[PDB]
Amino acid sequence: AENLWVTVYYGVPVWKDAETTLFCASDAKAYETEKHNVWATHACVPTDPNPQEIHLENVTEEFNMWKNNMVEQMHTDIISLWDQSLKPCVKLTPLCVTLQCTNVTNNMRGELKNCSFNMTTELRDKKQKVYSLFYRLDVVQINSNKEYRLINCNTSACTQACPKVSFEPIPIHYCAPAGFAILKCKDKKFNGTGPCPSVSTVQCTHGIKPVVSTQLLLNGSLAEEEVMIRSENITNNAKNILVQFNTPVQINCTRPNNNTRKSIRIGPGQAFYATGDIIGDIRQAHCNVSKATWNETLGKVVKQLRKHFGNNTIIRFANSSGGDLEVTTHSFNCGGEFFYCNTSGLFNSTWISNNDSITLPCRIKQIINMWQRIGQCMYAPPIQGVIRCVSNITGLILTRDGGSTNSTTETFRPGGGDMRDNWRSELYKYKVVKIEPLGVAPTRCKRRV
Amino acid sequence: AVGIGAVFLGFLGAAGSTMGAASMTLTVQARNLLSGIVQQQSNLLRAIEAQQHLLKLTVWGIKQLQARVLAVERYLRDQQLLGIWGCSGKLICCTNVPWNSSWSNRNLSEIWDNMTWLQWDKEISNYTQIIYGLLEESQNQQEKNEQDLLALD
Amino acid sequence: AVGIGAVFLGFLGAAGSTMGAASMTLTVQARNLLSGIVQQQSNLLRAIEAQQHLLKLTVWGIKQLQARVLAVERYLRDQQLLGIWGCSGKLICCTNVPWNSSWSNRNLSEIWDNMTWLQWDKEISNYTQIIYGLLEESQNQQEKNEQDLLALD
Amino acid sequence: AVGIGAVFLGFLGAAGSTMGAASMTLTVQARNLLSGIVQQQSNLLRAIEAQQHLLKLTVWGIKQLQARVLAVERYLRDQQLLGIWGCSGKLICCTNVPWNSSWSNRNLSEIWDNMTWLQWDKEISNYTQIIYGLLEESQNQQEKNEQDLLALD
Ligand SMILES: *[C@@H]1O[C@H](CO)[C@@H](O[C@@H]2O[C@H](CO)[C@@H](O[C@@H]3O[C@H](CO)[C@@H](O)[C@H](O)[C@@H]3O)[C@H](O)[C@H]2NC(C)=O)[C@H](O)[C@H]1NC(C)=O
Ligand SMILES: *[C@@H]1O[C@H](CO)[C@@H](O[C@@H]2O[C@H](CO)[C@@H](O[C@@H]3O[C@H](CO)[C@@H](O)[C@H](O)[C@@H]3O)[C@H](O)[C@H]2NC(C)=O)[C@H](O)[C@H]1NC(C)=O
Ligand SMILES: *[C@@H]1O[C@H](CO)[C@@H](O[C@@H]2O[C@H](CO)[C@@H](O[C@@H]3O[C@H](CO)[C@@H](O)[C@H](O)[C@@H]3O)[C@H](O)[C@H]2NC(C)=O)[C@H](O)[C@H]1NC(C)=O
Ligand SMILES: *[C@@H]1O[C@H](CO)[C@@H](O[C@@H]2O[C@H](CO)[C@@H](O[C@@H]3O[C@H](CO)[C@@H](O)[C@H](O)[C@@H]3O)[C@H](O)[C@H]2NC(C)=O)[C@H](O)[C@H]1NC(C)=O
Ligand SMILES: *[C@@H]1O[C@H](CO)[C@@H](O[C@@H]2O[C@H](CO)[C@@H](O[C@@H]3O[C@H](CO)[C@@H](O)[C@H](O)[C@@H]3O)[C@H](O)[C@H]2NC(C)=O)[C@H](O)[C@H]1NC(C)=O
Ligand SMILES: *[C@@H]1O[C@H](CO)[C@@H](O[C@@H]2O[C@H](CO)[C@@H](O[C@@H]3O[C@H](CO)[C@@H](O)[C@H](O)[C@@H]3O)[C@H](O)[C@H]2NC(C)=O)[C@H](O)[C@H]1NC(C)=O
Ligand SMILES: *[C@@H]1O[C@H](CO)[C@@H](O[C@@H]2O[C@H](CO)[C@@H](O[C@@H]3O[C@H](CO)[C@@H](O)[C@H](O)[C@@H]3O)[C@H](O)[C@H]2NC(C)=O)[C@H](O)[C@H]1NC(C)=O
Ligand SMILES: *[C@@H]1O[C@H](CO)[C@@H](O[C@@H]2O[C@H](CO)[C@@H](O[C@@H]3O[C@H](CO)[C@@H](O)[C@H](O)[C@@H]3O)[C@H](O)[C@H]2NC(C)=O)[C@H](O)[C@H]1NC(C)=O
Ligand SMILES: *[C@@H]1O[C@H](CO)[C@@H](O[C@@H]2O[C@H](CO)[C@@H](O[C@@H]3O[C@H](CO)[C@@H](O)[C@H](O)[C@@H]3O)[C@H](O)[C@H]2NC(C)=O)[C@H](O)[C@H]1NC(C)=O
Ligand SMILES: *[C@@H]1O[C@H](CO)[C@@H](O[C@@H]2O[C@H](CO)[C@@H](O[C@@H]3O[C@H](CO)[C@@H](O)[C@H](O)[C@@H]3O)[C@H](O)[C@H]2NC(C)=O)[C@H](O)[C@H]1NC(C)=O
Ligand SMILES: *[C@@H]1O[C@H](CO)[C@@H](O[C@@H]2O[C@H](CO)[C@@H](O[C@@H]3O[C@H](CO)[C@@H](O)[C@H](O)[C@@H]3O)[C@H](O)[C@H]2NC(C)=O)[C@H](O)[C@H]1NC(C)=O
Ligand SMILES: *[C@@H]1O[C@H](CO)[C@@H](O)[C@H](O)[C@H]1NC(C)=O
Ligand SMILES: *[C@@H]1O[C@H](CO)[C@@H](O)[C@H](O)[C@H]1NC(C)=O
Ligand SMILES: *[C@@H]1O[C@H](CO)[C@@H](O)[C@H](O)[C@H]1NC(C)=O
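Protein chains in written order, with our numbering: chain A, 1 to 449; chain B, 1 to 153; chain C, 1 to 153; chain D, 1 to 153.
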């Protein structure tokens, strides 16, 4: 008979989009530094050093980085890995006690208070007078001399972060479970939403590094073609714009105090790391970036924004207006110490369609509270001596405003939100798919009985 | 990199090639559908090794173990579903269900010689739950017809 | 409803009907022996879903996860045992072991036409571990006889 | 005991006997390769059962569950690999790959009549990844030649 018969095939190259739990792998030399000098690697299994792309010839399919599942898995993983890095450490509860205080002496600043209090020895029946330095942001006036408590002490206890565990971000790879594949959009002009015309599969991602920062993002990866700007819609103001640079711009940051740690026994085998003393002069923590290459870099992002906003629209920048400290400032951890800096030195310019450093000041906190989780205070211990960091600023987050009076619709401000879109910066080009290996198709062959 | 016949020695590399030429590479997806678990069983590791206490980060390994049981079980279900059609030994079967050309009007050349498998999927995904029903019944009676023949002799 | 030849389109629905008519349904009792893991794999999940913290009420999920590995492992053991008798591809097999009527004195009609499978189970349950022995040995020598009958080339 | 042909009713019991006589045992190794999980599933139990506090010790039970998912998965991979050579239903296969005696210069008597399987392994473990590649490709074209032999109707 000439008519066709159905024939079944197994292992046909076909897939469909799916939610699936990725598993994380970390590079073996960090893993070989066993028992957690850092978190993640102690659970994040050793990588195969052969990532092995294959170009999926003639393929072309729709990526969407906004609705992507693996950013939400990254966000949820990082929170869980963070908590368990704190869970073995000492609960600092006995420090929530009445403090006598005065300003520091050996200096402009009023930011340091010197405070004295009573604390238990290891022996239950014995307690001592003791003293330490705190920032004006760590303490609240509970009230002759002024009298204080810690800021958190009405709302939660805090955990001291263990000194042996470093906050430095290691590379992390995300790997597909069996019968799923990651896809990678290879196209250097991809904007995060559309049919990517050239793709590879890969078993496991880049070494993504879990930095955390607010107004601008740093040590992450950067596109080779041009400055990329992308958003879930642009025109709707409530959406962020993610900007990724064509080249880094290089920031130096410093804490110029010669800082001294002191140890206090809270109890039988429990100790708290007091700020003991500052030797030499007390001086402000601050960051530098080159005025020339920064001004040039904004000169490039403006030329991109003109593609979306007319021609001679008067594109201009302003500082992060209003709210609390965590929205108003750029924020990060350097070397095991947390920073908050007011970026209005950078975002203060206006543009029309025609050698030395900026220095921006910073402030420090010892207690911190990550992802605004109300009960999860933690206390970061003082770290010894003068410290500094060097970073590549990779890209930045902008937010827009409506027509500012007339002509311009483009007062841009350094944005923010949930930390989740720092992951969407690195995961901008990956997708995950489920293999469907069965197929049925007609041909002119028949079985016999 | 880009073209017909070239990348077939890698997982999925055939996916843009036309259905006829892709039909040679079927063993590669079939093998990698299960044995990719080497990237799990080589490196899943617990207490003392890399970790000490933080005990919820040993019990975090439930994510990796849960992925393994889903992988073996989703694979095993294909071997069941391919088995009841009277076809488990093979990567290819001819079968005695006739192609009802209502499911697609397209002739024998253009399906093998022009389309990719990802394109053919989007047609027959309308009708596939008919076709699986017919395949099951076509075998279910064939088993009985064979038992009668081996008996009446 | 109650009778013969009717509820075969549902799981176990045949069970009170006689062994002859119940021989047609076998694909349903087979398919649902494993694919019912859909009631598990749609919904087994850790915290951060309807759950927030209380992580132990999701590590309690080892109950649901253990039930999955037991299910695939029973299925896979049956498929092994059906394999070593030389019967791996099929829902029915003819086999070269003669029926020793000491295992049941009953005639060919009354077994197929009167009894339910549950009534038959209660007889041959005395002798089943003999019969699995005879099947294994009959196949094992048959593999070697076939190998010689090719080796004479 | 020490001999040839004796302890073949025991797991591994053949291991020192020569490859010929050892070939009768293969069912006993194959059965215990998976069904030995009876020793695990009979006693791996969380709720109650002489234990209702210190339940850290029943989450420490993840070691015993991990060994089960390894065992089913390693076995299932053999059945895949034995499947794609066109050999899934059988303990023994004849196959169309010719033996290149560069893989071993040894004559057909001394391999079956002198050596143990443990002695043979130590030779062929040089060439095994060649022989598996040849078996795969020999089957992969055989499926197509059969599809054409059915298509020339
Ligand atoms: C922060 O407050 C603490 C407590 O009020 C201050 O520490 C105390 O400072 C005084 C001097 O102002 C120290 O006294 C001096 O000690 C040396 C020891 O060799 C002695 O030679 C001097 O004659 C004089 O007695 C005192 O030891 C010191 N500690 C205590 C427990 O009282 C501290 O100065 C304030 N500022 C800073 C930066 O810490
Ligand atoms: C550390 O612990 C000591 C001992 O508990 C505290 O010192 C005591 O503090 C109280 C409250 O300020 C003082 O009480 C006052 O005493 C005077 C004179 O008797 C009286 O006129 C006031 O009305 C009030 O009752 C007390 O004198 C003082 N000293 C002693 C030996 O008890 C201290 O406050 C704790 N904190 C620090 C930072 O040292
Ligand atoms: C990212 O890049 C892609 C292309 O790689 C952009 O795709 C464009 O998406 C818009 C909608 O967002 C499409 O507009 C629609 O076009 C139809 C034409 O029939 C019209 O009827 C609709 O009213 C609407 O205007 C557009 O066609 C599509 N393609 C191109 C080449 O622009 C995507 O918009 C980019 N996203 C961002 C945020 O830059
Ligand atoms: C960030 O940018 C600022 C401003 O360019 C840099 O500050 C400058 O640093 C140098 C070297 O430390 C200072 O020179 C020294 O000044 C003291 C006091 O006059 C003098 O005793 C020394 O012999 C030497 O001349 C310089 O005064 C200072 N300039 C200003 C206006 O503060 C800073 O070093 C840059 N780098 C970092 C990592 O922050
Ligand atoms: C964003 O940029 C604007 C303009 O650079 C900043 O406005 C300035 O804000 C400070 C307070 O943070 C004001 O300081 C004060 O000066 C008045 C006298 O002018 C004094 O009476 C007050 O007691 C206070 O010390 C300042 O007036 C204001 N405007 C100017 C021209 O400096 C704004 O703070 C920036 N916000 C952030 C978070 O970057
Ligand atoms: C962005 O990446 C840079 C480069 O990794 C981070 O800065 C730091 O770079 C220096 C030089 O590699 C590291 O110095 C090392 O410090 C340890 C002691 O902590 C010492 O044993 C070594 O001999 C060496 O001097 C420094 O540790 C590293 N900092 C961190 C926190 O890893 C920079 O921190 C990154 N940016 C951000 C926002 O973290
Ligand atoms: C970082 O944030 C501050 C706001 O907290 C930025 O604004 C500066 O704030 C100071 C007061 O804290 C202003 O000082 C004012 O100077 C006038 C001089 O006529 C004097 O009359 C006032 O009494 C007051 O002292 C300062 O002018 C203001 N900056 C500007 C540009 O106006 C600060 O600018 C931020 N840092 C950077 C690098 O932008
Ligand atoms: C933010 O942008 C504004 C312009 O939109 C900057 O305005 C003015 O800039 C100059 C130079 O930075 C400031 O310095 C003073 O200028 C006068 C000019 O006559 C000169 O005589 C003084 O010796 C001194 O160099 C000036 O205070 C400032 N005026 C105002 C109204 O802000 C502003 O400096 C920018 N701020 C930052 C931190 O970039
Ligand atoms: C990308 O995929 C397309 C198909 O989706 C490939 O295009 C062409 O496909 C046809 C079959 O539909 C091939 O035709 C055959 O070619 C051989 C050798 O030339 C000839 O002997 C046969 O009679 C028949 O004409 C054709 O080769 C193929 N390529 C071209 C250039 O037409 C295409 O191969 C894939 N892309 C690349 C770069 O390979
Ligand atoms: C209830 O189950 C019993 C067995 O547990 C069935 O017993 C007997 O099975 C035979 C089949 O070999 C029945 O013959 C057929 O029955 C149907 C319905 O009565 C009729 O349409 C056919 O023409 C044929 O007679 C037989 O009747 C039945 N009873 C006896 C006494 O032998 C029984 O079939 C089940 N109940 C029903 C109502 O089907
Ligand atoms: C111990 O294992 C060795 C090999 O690891 C066996 O070596 C030789 O195997 C051949 C079989 O091809 C033996 O021939 C047969 O042996 C049995 C038992 O003695 C006998 O009933 C048969 O008539 C026949 O001779 C051979 O004897 C044996 N030795 C030599 C020198 O070739 C060996 O069979 C095993 N030990 C025993 C006691 O079986
Ligand atoms: C510095 O000390 C004086 C006197 O103790 C106090 O009134 C003032 O509030 C202190 N300054 C700050 C900013 O705390
Ligand atoms: C540097 O800044 C000035 C003032 O904002 C501007 O005129 C100039 O164009 C900037 N440099 C470049 C290369 O655009
Ligand atoms: C407007 O801007 C776009 C993008 O920069 C450019 O292609 C176009 O030539 C400009 N047109 C005018 C009239 O300036």
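Just so you know, the hints here were simulated from the structure itself, not pulled from any lab data. Cβ atoms here follow ideal geometry from the backbone N, Cα and C, with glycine treated the same way. Treat the hints with caution; some may be incorrect.
Claimed, not checked - Pairs of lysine to any residue, SDA-like flavour, derived with a Cα cap of 25 angstroms: (1) D:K56 to B:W60; (2) A:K87 to B:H53; (3) A:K307 to A:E122.
Unchecked claim - Sample of chain A residues with no beta-carbon within 10 angstroms of chain B, all distances over it, derived: (4) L112; (5) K291; (6) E326; (7) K446.
Here's how the hints hold up against the structure:
| no. | hint | verdict |
| --- | --- | --- |
| 1 | D:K56 to B:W60 | holds, 14 angstroms |
| 2 | A:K87 to B:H53 | holds, 10 angstroms |
| 3 | A:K307 to A:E122 | violated, 67 angstroms |
| 4 | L112 | holds, 35 angstroms |
| 5 | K291 | holds, 44 angstroms |
| 6 | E326 | holds, 28 angstroms |
| 7 | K446 | violated, 5 angstroms |
The structure does not agree with the numbered hints 3 and 7 stated previously, though it agrees with the rest.
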